[PDB]
Amino acid sequence: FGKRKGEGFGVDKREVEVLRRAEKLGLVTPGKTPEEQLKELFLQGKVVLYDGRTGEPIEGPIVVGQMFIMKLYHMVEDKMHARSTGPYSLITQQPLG
Amino acid sequence: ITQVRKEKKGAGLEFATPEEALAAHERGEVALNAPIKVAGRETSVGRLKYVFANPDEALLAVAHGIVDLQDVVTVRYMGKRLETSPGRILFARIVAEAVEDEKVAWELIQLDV
Amino acid sequence: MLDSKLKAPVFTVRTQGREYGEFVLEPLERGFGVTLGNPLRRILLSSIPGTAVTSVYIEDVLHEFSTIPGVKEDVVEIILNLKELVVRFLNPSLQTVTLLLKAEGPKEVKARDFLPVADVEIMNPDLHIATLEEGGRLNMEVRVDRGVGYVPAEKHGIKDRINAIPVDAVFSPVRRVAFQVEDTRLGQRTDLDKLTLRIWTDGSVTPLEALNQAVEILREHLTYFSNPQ
Amino acid sequence: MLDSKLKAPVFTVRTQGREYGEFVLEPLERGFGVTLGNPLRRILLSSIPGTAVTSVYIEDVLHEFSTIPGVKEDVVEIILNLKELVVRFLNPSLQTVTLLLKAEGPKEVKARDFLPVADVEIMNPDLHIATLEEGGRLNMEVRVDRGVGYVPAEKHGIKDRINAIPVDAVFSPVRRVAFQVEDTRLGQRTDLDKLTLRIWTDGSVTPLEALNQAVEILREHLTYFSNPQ
Amino acid sequence: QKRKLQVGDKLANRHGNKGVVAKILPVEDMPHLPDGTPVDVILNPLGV
RNA sequence: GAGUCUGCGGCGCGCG
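Chains as they are written, first to last, in UniProt numbering: chain A, 926 to 1022; chain B, 792 to 904; chain C, 1 to 229; chain D, 1 to 229; chain E, 829 to 876.
Careful: at least some of the hints might be erroneous.
Stated by the list, open to error - Distance condition first, Cα-Cα at most 20 Å in a straight line; then the derived SDA-like pairs of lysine to any residue:
{"hint": "1", "chain 1": "E", "residue 1": "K832", "chain 2": "A", "residue 2": "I994"}
{"hint": "2", "chain 1": "A", "residue 1": "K949", "chain 2": "B", "residue 2": "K871"}
{"hint": "3", "chain 1": "A", "residue 1": "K949", "chain 2": "B", "residue 2": "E817"}
{"hint": "4", "chain 1": "B", "residue 1": "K871", "chain 2": "C", "residue 2": "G187"}
{"hint": "5", "chain 1": "A", "residue 1": "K957", "chain 2": "B", "residue 2": "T834"}
What the hints assert, rightly or not - Examples of chain D residues lying across from chain A (beta carbon under 10 Å, computed):
{"hint": "6", "residue": "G33"}
{"hint": "7", "residue": "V75"}
{"hint": "8", "residue": "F179"}
{"hint": "9", "residue": "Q180"}
{"hint": "10", "residue": "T190"}
Claimed, not checked - Counterexamples of contact, computed for chain E against chain C with all Cβ distances above 12 Å:
{"hint": "11", "residue": "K830"}
{"hint": "12", "residue": "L839"}
{"hint": "13", "residue": "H843"}
{"hint": "14", "residue": "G844"}
{"hint": "15", "residue": "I852"}
{"hint": "16", "residue": "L853"}
{"hint": "17", "residue": "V855"}
{"hint": "18", "residue": "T865"}
{"hint": "19", "residue": "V867"}
{"hint": "20", "residue": "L871"}
{"hint": "21", "residue": "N872"}
{"hint": "22", "residue": "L874"}
If you're looking for bench data, these hints aren't it; they were derived computationally from the structure. Note that the Cβ used here is the ideal one computed from N, Cα and C, for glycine as well.
Let the hints inform the model, and build the full structure from the sequences given.
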């Protein structure tokens, strides 16, 4: 929010509405400035987020952050197996690939 | 969507009887003293302030930022003056919509919780 | 044209009456139905200008929470019913029109009971105002204005007469809007958008008319990006 | 004009370089900055067509997973850094331009080392392509095209030279968009919208150019509502 | 072959949240921060 | 006007 202050602009109608619904909630002490409230809310680990599809905010602060996430190994179990027709066992006559 | 909110009662909650209770707690609300959802038996100032004729009328006010969906308001339904929040009214519709027999839709739904 | 331009949004319409009207338009590139549907929705609700009861004055009543003898309904129920009244004026000269009505005795008061006004029309005649018993005296003056969106009775606070009571403003002729974006298949690439927006109107205007007005308010706004400074 | 039309959105611009460009426009009625800002944003990111490395050919290299002697980086790391290259051509006549570069010995290969082409410009000069040691022979041909969105190297599969290897397409000259709607005061009513959207560009195109293209893609789409069916 | 993360793959964080990718959303409309910076993954709260 | 032959038992591990 510091760079935001200097870059030239303050709070949105969006950022203010979520605050109302936020204090009605109990995430920010009622009576403090939006600048001071967003901080309290930010310290809570959640910030304001806009939908992206509508541009409207998401009623209520949503936490966000850097989470370390790994990709699991893709076995030949992932790479699907669908069979029409094919080989058959020599003694039992059941299908096998 | 269907839950109602409750916030602050520091000054009188008795609008049930005085007309000076309607004006005073309506101004006290405009002020900082009485919330839109106060434990005031009959109607917290939140219902006093807004009254919605048609069903739709209720939600338009919501989109415009006048009432949250979880706020306690008054609305006129098919034959009753029902004191039920926007969300609860919205849920009623969704159901009423899924199955066109709207009356048969309120018969089997409870918008009281 | 044949390749990319003929492959143009097929505007399909399905409107019954002047209240409902579905509007389908496809194909659309990636995430465009949403980009078009949401704005048009925000416009259709607030932008389309209209007519709503802005204030009312019962002659013997002082406050909004009173009850009139010989009248079943309470002032609150009546002022409510007035919000339901949909009027239609024909020209700018009519900014604020006050409709007058007075009925007495064992009669039902409908919206067609209002004394006709030259340039104003009432498309909501049978709307029920009240039920008068006996010695039922109801004489009121209900204000009507042209505006946009929703204006709480608290925000404007109209005062033609000192004892009159303001009413919440319901200006748009469109009650509700709705748009869905379901995938559609164009031979080559499956990732496509299909926008269908359903519009509901009180009758004053038609869903199609509303849509047209909406896209215009949007285009007019897109031109406001002309002169830099 | 003087009253309502002169009272028109004052388009003000503030752009430094071809990367950043703020765009302010006020006054606006109720909730319109949002109605205009979000769509344009969704356009600015997806729609705006651009440029990206479509294929590459190292002379002695056959596949994408090889390593060139005298060159620290591996073909994969290099082709990666090419995706980072942002070029800017000036006219439709240049649909596909092949940039050529060859450097030898103890020198660092930067993007300005590409032999200049008449109608094409490289706004990413200092980009690090590779570090050449000694006897470091690197002679490559990197294709460049004009397109839109993201195109997997697998989807197009370009083949100028049989042993060349395609690269993933990154066509948005815009990295990020941002718009704010702060209240503005017009003498009479305080409820007003002011929309200022900040746009950042790789350099290929300019924020202003991008905006113009965006509004156009929106208007062109508003015309697709013409023929009912 | 290059395995570009696709809907079929599964990812999980060191704690224990496991899950598969159900939808590759376009940067165009997913949750975005006040500043243009958009989120990359959206995790369901209920699984916590 | 196409069809043979191989992949079993067990062991280890890992997923739901």
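Check each numbered hint from earlier against the structure, then list the numbers of those it violates in ascending order.
2, 4, 5, 7, 10, 15, 16, 17
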